[PDB]
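**Q** One letter stands for each residue in the lines below.
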Amino acid sequence: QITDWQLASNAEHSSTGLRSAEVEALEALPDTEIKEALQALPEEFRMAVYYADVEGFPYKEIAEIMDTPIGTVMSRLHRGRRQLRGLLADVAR
Amino acid sequence: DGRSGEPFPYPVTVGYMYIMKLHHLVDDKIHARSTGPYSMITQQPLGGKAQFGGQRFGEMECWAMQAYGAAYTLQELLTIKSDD
Amino acid sequence: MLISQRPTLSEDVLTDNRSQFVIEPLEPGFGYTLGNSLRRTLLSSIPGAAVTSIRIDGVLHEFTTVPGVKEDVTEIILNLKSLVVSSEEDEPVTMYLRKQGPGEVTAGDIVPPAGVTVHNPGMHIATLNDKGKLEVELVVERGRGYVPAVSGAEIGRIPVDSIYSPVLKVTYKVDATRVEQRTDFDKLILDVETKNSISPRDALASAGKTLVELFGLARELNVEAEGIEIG
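Chains as they are written, first to last, in our numbering: chain S, 3 to 95; chain W, 2 to 85; chain L, -5 to 225.
In isolation and in its complexed conformation, chain S is listed as follows:
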């Protein structure tokens, strides 16, 4: 049998360690920092940056999901990115 000590020792070098029910529950909680900075953005810009930066869709797919030309998706992406860069400055948060 593999011992618990070996499991923990192996987890110390692993990309993701051994998480606990506490860490799970607190990670599932709202940020109350990032969420507030996202709600300050207008709904169109926060939606564009959500489908782009958070989700990872390519730009054309964002132009498809919400019905807008490419120009509004790109422009809303740049302006929403700028505003979110203003609303927070964090090396980590």
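It is possible that some hints are incorrect.
Stated by the list, open to error - Listed next, the in silico SDA-like pairs over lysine to any residue satisfying Cα-Cα at most 20 Å (straight line):
#1 W:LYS50 to S:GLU14
#2 L:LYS163 to L:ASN190
#3 W:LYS50 to S:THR5
#4 W:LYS50 to S:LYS62
#5 L:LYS167 to W:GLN76
#6 W:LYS50 to S:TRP7
#7 W:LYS50 to S:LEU20
#8 W:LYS82 to S:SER22
#9 W:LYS82 to S:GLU24
#10 W:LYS30 to W:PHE58
#11 W:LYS50 to S:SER22
#12 L:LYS167 to W:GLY3
#13 L:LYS167 to W:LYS50
#14 W:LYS82 to S:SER11
#15 L:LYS163 to L:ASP185
#16 S:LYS62 to S:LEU79
#17 W:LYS82 to S:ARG21
#18 L:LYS181 to L:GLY221
#19 W:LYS50 to S:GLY19
#20 W:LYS50 to S:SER11
#21 L:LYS75 to L:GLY139
#22 L:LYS167 to W:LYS82
#23 L:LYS181 to W:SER5
#24 L:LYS163 to W:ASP29
#25 L:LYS163 to L:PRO142
#26 L:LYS163 to W:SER5
#27 W:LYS50 to S:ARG21
#28 W:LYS30 to S:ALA39
#29 W:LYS50 to S:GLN8
#30 L:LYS167 to W:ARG34
#31 W:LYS50 to S:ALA27
#32 W:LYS82 to S:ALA27
#33 L:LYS75 to L:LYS167
#34 W:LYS50 to S:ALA10
#35 L:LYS167 to W:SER5
#36 W:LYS50 to S:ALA23
#37 L:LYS181 to L:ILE192
#38 W:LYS82 to S:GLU14
#39 W:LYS50 to S:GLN3
#40 L:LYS125 to L:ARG92
These are computed hints drawn from the structure, not numbers from a lab.
Given the structure of chain S, go ahead and fit chains W and L onto it with the hints provided.
**A** Only chains W and L this time, still in chain S's reference frame:
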């Protein structure tokens, strides 16, 4: 008596004894866990203090729980507190 | 030298003559510093009055049975020791108890001289039958604590156990109380039961004054820093 001040009514055997400090020490023994790492295999809490582990609730302890007729304590221990 | 968080004295009244006092929080160990000294002070240090001796008419050499009364001699001594009395000046002061008609005798039937007080006039003493006669002399002095009976001299006079202390019973206990991460702090509990002569409050206050005077003798050897809890 150092507390009241009264003398103890009877003579007490006193002297010098050689006493050793054994290697079972409460600093090593005390352990407590609310929540911690779990095994990737059985998905139960890890064992042992070094692993920040949980306590073993065994077959005989379940016999005790059943003799008490405590159903929700037993279920809670073996589900939401372990591998659920 | 350093300041201590101030302890408080609280009173929980049980009966009129019975109270529990709580001194908390005390620094660890000090519940036993104050406890036995406060108990022995409450018991032995408070001046009060009681019956030193009695003389029963009709019985001198015998002392077993008293004719004309249901109670025997020692049963009269018992409830006469329960007599709650107070005096002013300290000299032996004689009183007299006499009754004729059948009935029951109480402490009110005793004739107090000027300067003494019977605080329990309803206390039963003896039962007089038909034609029974009751004549007894009760000496009263002021003292402290509990002095056993001190006799020869003139017959008929029996010294009795004299309960001078106005407090009947005292017991103390030290319980754990928590002050800021330390759960081992001391909590002093005093259970005191007294005669109606004084209240447990004034008894604890008199004990406080007595002990402050006593340790003042050591306080007088010098003036140097000590634990100061006031405020």
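**Q** Please go over all the hints and tell whether each is borne out by the structure.
**A** Hint-by-hint comparison with the structure:
For the given pair, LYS50 of chain W sits about 16 Å from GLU14 of chain S by alpha-carbon distance, which is consistent with the 20 Å threshold. Restraint check for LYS163 of chain L and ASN190 of chain L: satisfied, since their Cα atoms lie roughly 13 Å apart, inside the 20 Å limit. A hinted pair counts as satisfied when its Cα atoms are at most 20 Å apart, and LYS50 of chain W with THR5 of chain S qualifies at roughly 13 Å. As the CA atoms of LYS50 of chain W and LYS62 of chain S are separated by approximately 54 Å, the hinted pair breaks the 20 Å bound.
Of the pairs offered as hints, the one joining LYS167 of chain L and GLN76 of chain W is violated, with about 43 Å between alpha carbons and a cut-off of 20 Å exceeded. Note on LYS50 of chain W and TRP7 of chain S: the hinted pairing holds, with a Cα-Cα distance of about 10 Å set against a maximum of 20 Å. Using a Cα cut-off of 20 Å, the hinted pair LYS50 of chain W and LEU20 of chain S holds, with the two alpha carbons roughly 15 Å apart. Taking the CA atoms of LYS82 of chain W and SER22 of chain S, the gap is near 12 Å; set against the 20 Å cutoff, the hint holds.
Restraint check for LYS82 of chain W and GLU24 of chain S: satisfied, since their Cα atoms lie roughly 12 Å apart, inside the 20 Å limit. Annotation: proposed proximity of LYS30 of chain W to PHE58 of chain W holds, straight-line Cα distance about 18 Å (limit 20 Å). A C-alpha spacing of about 16 Å is found between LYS50 of chain W and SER22 of chain S, which places the hinted pair at or below 20 Å, so the restraint holds. Simply put, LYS167 of chain L and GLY3 of chain W have alpha-carbon atoms about 15 Å apart, close enough for the 20 Å limit, and the pair holds.
Straight-line distance between C-alpha atoms of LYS167 of chain L and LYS50 of chain W comes to about 39 Å, which puts the hinted pair past the 20 Å bound. For a cut-off of 20 Å, the pair hint linking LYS82 of chain W to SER11 of chain S is broken: about 23 Å separates their Cα positions. At most 20 Å may separate the alpha-carbon atoms for a hinted pair to count; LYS163 of chain L and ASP185 of chain L meet this at roughly 8 Å. Our distance criterion of 20 Å between C-alpha atoms is met by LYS62 of chain S and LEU79 of chain S, whose separation comes to about 12 Å.
Taking the CA atoms of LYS82 of chain W and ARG21 of chain S, the gap is about 15 Å. The hint holds against a cut of 20 Å. Between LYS181 of chain L and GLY221 of chain L, the direct Cα distance comes to roughly 18 Å. Compliance with the 20 Å bound is thereby established for this hinted pair. Straight-line distance between C-alpha atoms of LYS50 of chain W and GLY19 of chain S comes to about 18 Å, which keeps the hinted pair within the 20 Å bound. Of the pairs offered as hints, the one joining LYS50 of chain W and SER11 of chain S holds, with about 14 Å between alpha carbons and a cut-off of 20 Å not exceeded.
In summary, the hint linking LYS75 of chain L to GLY139 of chain L is supported, as the alpha carbons are separated by about 13 Å, within the 20 Å threshold. Annotation: proposed proximity of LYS167 of chain L to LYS82 of chain W is violated, straight-line Cα distance about 42 Å (limit 20 Å). Restraint check: the Cα-Cα separation between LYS181 of chain L and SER5 of chain W comes to about 16 Å, which is no more than 20 Å; the hinted pair holds. Between the alpha carbons of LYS163 of chain L and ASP29 of chain W the distance comes to roughly 48 Å, so the proposed pair goes past 20 Å and is violated.
A C-alpha spacing of about 17 Å is found between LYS163 of chain L and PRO142 of chain L, which places the hinted pair at or below 20 Å, so the restraint holds. Of the pairs offered as hints, the one joining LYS163 of chain L and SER5 of chain W holds, with about 17 Å between alpha carbons and a cut-off of 20 Å not exceeded. Pair hint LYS50 of chain W plus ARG21 of chain S holds up; C-alpha atoms about 17 Å apart against a cutoff of 20 Å. Distance restraint check for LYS30 of chain W and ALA39 of chain S: the Cα-Cα separation of roughly 47 Å exceeds the 20 Å cut-off, and the hinted pair is therefore not satisfied.
The hinted pair formed by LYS50 of chain W and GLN8 of chain S meets the criterion: a straight-line CA distance of about 14 Å does not exceed 20 Å. For the suggested pair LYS167 of chain L and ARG34 of chain W, the alpha carbons sit about 36 Å apart, so the restraint of at most 20 Å is broken. For the hint pairing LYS50 of chain W with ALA27 of chain S, the CA-to-CA distance comes to about 23 Å; that exceeds 20 Å, so the pair is violated. Using a Cα cut-off of 20 Å, the hinted pair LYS82 of chain W and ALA27 of chain S holds, with the two alpha carbons roughly 14 Å apart.
Annotation: proposed proximity of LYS75 of chain L to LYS167 of chain L is violated, straight-line Cα distance about 29 Å (limit 20 Å). Restraint check: the Cα-Cα separation between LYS50 of chain W and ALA10 of chain S comes to about 12 Å, which is no more than 20 Å; the hinted pair holds. Simply put, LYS167 of chain L and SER5 of chain W have alpha-carbon atoms about 11 Å apart, close enough for the 20 Å limit, and the pair holds. About 18 Å separates the Cα atoms of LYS50 of chain W and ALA23 of chain S, which keeps this hinted pair within 20 Å; it holds.
Proximity of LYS181 of chain L to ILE192 of chain L is assessed by CA-CA distance (about 26 Å); at most 20 Å being required, the pair is judged violated. With a C-alpha separation of about 24 Å, the suggested pair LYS82 of chain W and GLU14 of chain S falls outside the 20 Å cut-off, and the hint is violated. For the proposed pair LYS50 of chain W and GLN3 of chain S, the alpha carbon gap of about 19 Å is at most 20 Å, so the pair holds. Taking the CA atoms of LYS125 of chain L and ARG92 of chain L, the gap is about 13 Å. The hint holds against a cut of 20 Å.
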